[PDB]
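Student: Okay, here's what each chain looks like letter by letter:
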Amino acid sequence: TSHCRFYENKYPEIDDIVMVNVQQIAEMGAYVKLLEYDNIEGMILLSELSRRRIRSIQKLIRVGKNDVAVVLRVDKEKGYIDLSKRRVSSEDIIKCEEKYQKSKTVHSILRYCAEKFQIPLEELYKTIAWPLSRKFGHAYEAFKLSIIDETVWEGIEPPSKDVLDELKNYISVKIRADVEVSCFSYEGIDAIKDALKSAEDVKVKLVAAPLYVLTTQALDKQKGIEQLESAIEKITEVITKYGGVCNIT
Amino acid sequence: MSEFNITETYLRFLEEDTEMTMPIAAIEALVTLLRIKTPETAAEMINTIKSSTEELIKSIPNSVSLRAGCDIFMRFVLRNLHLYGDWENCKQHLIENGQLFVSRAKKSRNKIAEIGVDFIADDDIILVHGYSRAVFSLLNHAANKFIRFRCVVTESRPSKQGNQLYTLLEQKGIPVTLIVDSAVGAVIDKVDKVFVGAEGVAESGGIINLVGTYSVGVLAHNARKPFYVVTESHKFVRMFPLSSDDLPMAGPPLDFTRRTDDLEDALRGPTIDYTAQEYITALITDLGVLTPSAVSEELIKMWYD
Amino acid sequence: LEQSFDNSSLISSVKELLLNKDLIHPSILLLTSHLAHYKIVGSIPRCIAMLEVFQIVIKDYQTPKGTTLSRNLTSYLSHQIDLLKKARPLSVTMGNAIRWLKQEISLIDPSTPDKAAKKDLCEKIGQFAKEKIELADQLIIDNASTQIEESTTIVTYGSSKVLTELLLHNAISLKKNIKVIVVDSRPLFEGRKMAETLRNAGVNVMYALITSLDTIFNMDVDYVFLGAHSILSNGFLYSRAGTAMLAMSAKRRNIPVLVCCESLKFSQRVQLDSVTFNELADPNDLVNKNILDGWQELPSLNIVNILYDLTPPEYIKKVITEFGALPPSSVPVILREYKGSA
Numbered sequence: 003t004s005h006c007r008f009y010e011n012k013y014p015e016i017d018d019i020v021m022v023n024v025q026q027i028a029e030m031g032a033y034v035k036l037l038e039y040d041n042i043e044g045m046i047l048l049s050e051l052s053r054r055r056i057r058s059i060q061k062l063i064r065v066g067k068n069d070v071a072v073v074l075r076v077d078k079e080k081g082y083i084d085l086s087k088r089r090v091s092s093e094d095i096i097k098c099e100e101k102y103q104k105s106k107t108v109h110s111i112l113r114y115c116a117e118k119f120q121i122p123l124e125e126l127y128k129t130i131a132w133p134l135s136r137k138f139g140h141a142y143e144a145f146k147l148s149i150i151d152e153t154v155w156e157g158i159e160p161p162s163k164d165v166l167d168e169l170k171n172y173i174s182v183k184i185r186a187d188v189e190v191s192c193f194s195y196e197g198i199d200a201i202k203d204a205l206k207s208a209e210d218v219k220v221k222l223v224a225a226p227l228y229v230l231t232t233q234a235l236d237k238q239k240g241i242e243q244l245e246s247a248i249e250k251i252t253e254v255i256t257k258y259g260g261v262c263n264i265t
Numbered sequence: 001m002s003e004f005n006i007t008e009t010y011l012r013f014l015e016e017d018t019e020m021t022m023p024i025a026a027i028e029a030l031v032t033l034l035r036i037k038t039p040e041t042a043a044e045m046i047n048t049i050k051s052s053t054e055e056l057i058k059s060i061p062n063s064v065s066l067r068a069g070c071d072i073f074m075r076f077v078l079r080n081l082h083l084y085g086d087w088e089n090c091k092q093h094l095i096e097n098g099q100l101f102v103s104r105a106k107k108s109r110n111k112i113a114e115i116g117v118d119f120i121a122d123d124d125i126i127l128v129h130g131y132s133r134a135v136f137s138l139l140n141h142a143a144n145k146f147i148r149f150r151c152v153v154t155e156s157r158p159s160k161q162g163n164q165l166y167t168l169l170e171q172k173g174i175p176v177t178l179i180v181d182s183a184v185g186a187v188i189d190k191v192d193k194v195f196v197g198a199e200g201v202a203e204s205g206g207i208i209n210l211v212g213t214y215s216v217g218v219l220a221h222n223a224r225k226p227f228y229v230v231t232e233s234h235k236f237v238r239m240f241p242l243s244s245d246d247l248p249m250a251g252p253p254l255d256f257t258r259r260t261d262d263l264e265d266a267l268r269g270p271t272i273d274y275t276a277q278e279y280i281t282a283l284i285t286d287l288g289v290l291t292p293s294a295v296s297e298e299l300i301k302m303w304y305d
Numbered sequence: 247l248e249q250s251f252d253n254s255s256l257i258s259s260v261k262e263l264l265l266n267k268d269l270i271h272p273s274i275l276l277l278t279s280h281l282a283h284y285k286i287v288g289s290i291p292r293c294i295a296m297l298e299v300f301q302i303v304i305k306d307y308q309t310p311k312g313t314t315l316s317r318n319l320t321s322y323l324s325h326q327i328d329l330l331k332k333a334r335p336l337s338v339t340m341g342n343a344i345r346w347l348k349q350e351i352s353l354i355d356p357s358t359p360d361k362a363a364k365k366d367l368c369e370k371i372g373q374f375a376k377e378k379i380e381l382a383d384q385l386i387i388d389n390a391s392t393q394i395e396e397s398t399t400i401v402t403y404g405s406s407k408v409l410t411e412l413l414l415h416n417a418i419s420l421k422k423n424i425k426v427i428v429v430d431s432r433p434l435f436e437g438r439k440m441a442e443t444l445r446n447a448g449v450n451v452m453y454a455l456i457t458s459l460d461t462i463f464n465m466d467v468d469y470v471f472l473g474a475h476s477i478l479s480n481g482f483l484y485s486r487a488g489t490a491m492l493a494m495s496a497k498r499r500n501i502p503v504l505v506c507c508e509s510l511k512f513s514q515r516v517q518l519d520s521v522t523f524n525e526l527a528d529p530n531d532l533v534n598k599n600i601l602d603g604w605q606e607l608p609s610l611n612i613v614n615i616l617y618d619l620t621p622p623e624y625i626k627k628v629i630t631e632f633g634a635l636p637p638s639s640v641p642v643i644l645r646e647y648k649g650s651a
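Chains as they are written, first to last, in UniProt numbering: chain W, 3 to 174, 182 to 210, 218 to 265; chain C, 1 to 305; chain S, 247 to 534, 598 to 651.
None of these hints come from the bench; they were simulated from the model.
It cannot be assumed that every hint is accurate.
[Claimed, not checked] Pairs of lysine to any residue residues, derived as SDA-like cross-links and limited to a Cα-Cα distance of at most 20 Å, are as follows:
#1 C:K111 <-> C:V289
#2 W:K67 <-> S:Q373
#3 W:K61 <-> S:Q384
#4 W:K80 <-> W:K163
#5 C:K301 <-> S:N389
#6 W:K80 <-> W:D17
#7 C:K91 <-> W:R75
#8 W:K78 <-> C:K145
#9 C:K145 <-> C:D124
#10 S:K648 <-> W:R57
#11 W:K163 <-> W:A144
#12 W:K80 <-> C:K301
#13 W:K61 <-> S:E380
#14 W:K106 <-> W:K128
#15 W:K80 <-> C:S51
#16 S:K497 <-> C:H221
#17 S:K497 <-> C:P241
#18 W:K80 <-> C:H221
#19 C:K160 <-> C:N144
Using the sequences plus the hints, can you model the full thing?
Tutor: Structure (structure tokens):
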């Protein structure tokens with residue numbers, strides 16, 4: 003209801019790269035939990051941590067926070083499975099964690115589609131998993147496909163149809186500028202029109225003859241740094257060739 | 001199909017022989033715990049003993065020599081799982097070590113009798129207190145060497161053990177008196193050396209054995225006699241006070257509840273005392289003679305991490 | 247003249263510098279202004295505050311033309327330390343950080359374009375006080391709490407440095423009953439800062455002065471805990487003045503005494519005498598028309614004000630660090646195992 007299975011096995015079968023967080027260490031090692039099957043928990047031994055004997059002041063800084071690991075051995079019925087993060091390449095940080103981050107963002111969408119719709123999370127999860135995460139890779143890149151490749155929405159039955167609407171609402182910023190056209194001319198209107206015809210094609221609003229409120233959309237918030245500046249430059253260019261005066265805030 | 005907890009393995013062999021003592025009996029039970037119950041995975045093995053040691057503390061809460069045995073067995077299997085054998089050999093690599101302490105910690109006491117010879121010298125009147133059996137094996141070696149000395153046994157009240165030691169070595173053939181523990185302070189001037197033995201060693205060097213080893217220790221420091229203490233290398237526990245108050249048996253050492261019908265009134269005070277580093281001066285290990293500052297460092301050398 | 251401790255030259259009263267060869271940081275003068283005119287620190291408050299100005303002063307690099315950044319800052323920062331030496335000579339909380347910092351000056355190569363010079367130093371010297379101070383103090387909390395029962399008393403001396411946070415945890419974050427006895431002394435009433443804080447925290451605080459010290463001990467009293475300034479290689483506690491008189495008395499009155507401390511506050515040096523290695527601080531302070602004036606110019610008069618003093622390690626029962634507890638004779642074994650090793 004809060005979290006559940008990923009890939010229809012009770013345990014992360016031998017040699018699959020997983021992620022855990024370290025909770026506490028007393029003498030055995032860490033009492034980690036498997037972040038793909040969150041409520042289940044395994045553990046790691048002290049020699050399978052960092053090779054240098056880790057001091058207790060070095061030990062305390064790493065609890066709570068998470069990392070990447072692989073599993074050494076698996077009990078078929080006990081949850082007491084053996085971890086391995088020492089014998090893990092650095093590429094699995096790129097491989098597993100972004101794959102897990104691609105599975106963290108489907109946790110963000112399947113929570114309000116479950117509990118704010120008041121159904122348990124696993125039943126509308128396990129309608130998704132086998133035709134998506136077993137037919138091919140798991141469904142978040144397919145969720146950027148299923149907004150345009152609609153053989154997936156009909157490839158499985160919808161047990162509810164609120165979830166079909168709540169997906170495209172989520173997955174599918183304004184920089185304010187108060188530019189002051191303080192003109193005293195005769196060909197200024199034309200200039201203004203010209204300016205409009207390049208800076209808007218982002219959100220440009222007339223306030224009066226001098227004041228204009230333009231809220232330039234940014235994608236990385238820092239990509240509108242190259243937009244606003246450009247607009248300003250254009251404005252500067254514009255008014256020297258017509259006769260008036262534009263001043264920018 | 002055993003469970004190794006209370007008596008289905010442990011209290012069997014405590015009626016076998018009163019030569020094995022309490023902590024290595026727990027060590028004998030703990031090494032045979034994972035020997036038969038070897039659940040082919042490093043994870044739940046230590047989770048089995050963490051279940052098993054904590055109920056063993058719960059089994060007898062007031063025999064904290066067992067807690068020292070519960071302490072260092074985890075210290076055994078930790079570094080034995082170290083050398084990095086990925087649990088593949090370390091199942092066999094632990095149990096090929098295995099029967100170490102039933103071959104090595106059983107020969108603690110004779111190795112104490114190997115190196116504890118040159119303390120009881122020519123004509124030393126010896127003050128002993130409580131059945132710490134490593135002392136008697138040192139005294140067994142003293143009679144077998146035919147070195148000349150005498151002996152004085154105190155009480156062990158209420159634990160009665162002083163009556164045993166008088167009977168235990170008079171048949172061995174040593175001139176000996178049993179004295180009351182009340183008459184220590186008027187006799188200790190003639191006494192030259194004094195031997196006791198702890199149930200466990202605390203972080204500064206602790207005497208966590210009996211009722212009044214701290215009483216006879218603080219007598220000996222004003223008598224300015226070398227207050228020796230005899231133990232061995234598996235009698236260490238982290239449990240460490242700041243006063244002479246440990247965990248008690250069940251209640252505070254000054255109770256004031258009343259006698260209901262006929263309840264025992266000598267048993268109202270404590271049964272375990274504490275002595276810090278100040279009143280001991282030397283101790284014996286299987287590693288050798290040990291100063292009271294080195295017993296702090298070796299109890300911290302593999303204990304911080 | 248017979249002891250001639252007035253002619254023990256551990257400090258003078260020299261001031262009034264004017265030199266401008268170095269580009270002196272203005273804010274590091276404020277740190278020395280905040281110390282010497284009226285002392286506002288313990289020892290780890292200095293170890294914070296010495297680090298507070300160091301993150302700012304490295305950010306203004308000002309590296310010259312023909313000089314590597316490894317070559318100038320070993321002179322540039324170290325010239326500013328002598329400003330502090332005019333104000334107040336260093337501690338080991340000063341000392342162990344700065345020689346560790348001089349390692350970091352030396353282990354850099356001529357490759358940094360001075361934009362990378364921030365974050366390789368900034369977070370690293372931040373993870374110093376994150377590890378060596380903050381979560382080091384976190385391990386103090388759980389260790390001391392299990393050694394304290396409810397409905398008992400604590401006797402502290404002066405302003406504490408780390409066990410203020412310990413007393414906040416047991417009174418509020420664990421809510422077990424506790425009574426607090428804070429005693430400080432003329433002239434530095436730094437214990438009143440704790441007396442403000444813990445009653446602002448709402449706990450039973452009994453303020454005291456060291457002249458009335460016996461009647462505190464004549465009541466229900468135990469668990470004397472202490473702040474610290476450094477631990478000697480023997481086990482002597484070099485700490486604030488007047489620490490040992492309760493440390494002798496409470497040990498004489500058979501209730502145990504502990505010293506809350508850390509591995510950063512250890513030291514390689516060793517001595518066993520109180521008036522050998524110390525610091526004097528401006529003998530005008532023990533006056534407050599006054600009652601007397603003229604320790605100067607008058608025949609046969611002097612004012613001493615001892616800052617630091619040793620306590621015998623036999624008085625201390627248990628020494629608690631972030632790694633755990635330890636008896637006070639076993640102090641220097643961490644010097645070979647953790648300090649410079651951990």
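Student: Honestly, which of those hints from before does the structure not fit?
Tutor: Violated hints: 4, 8, 12, 18 and 19; rest satisfied.
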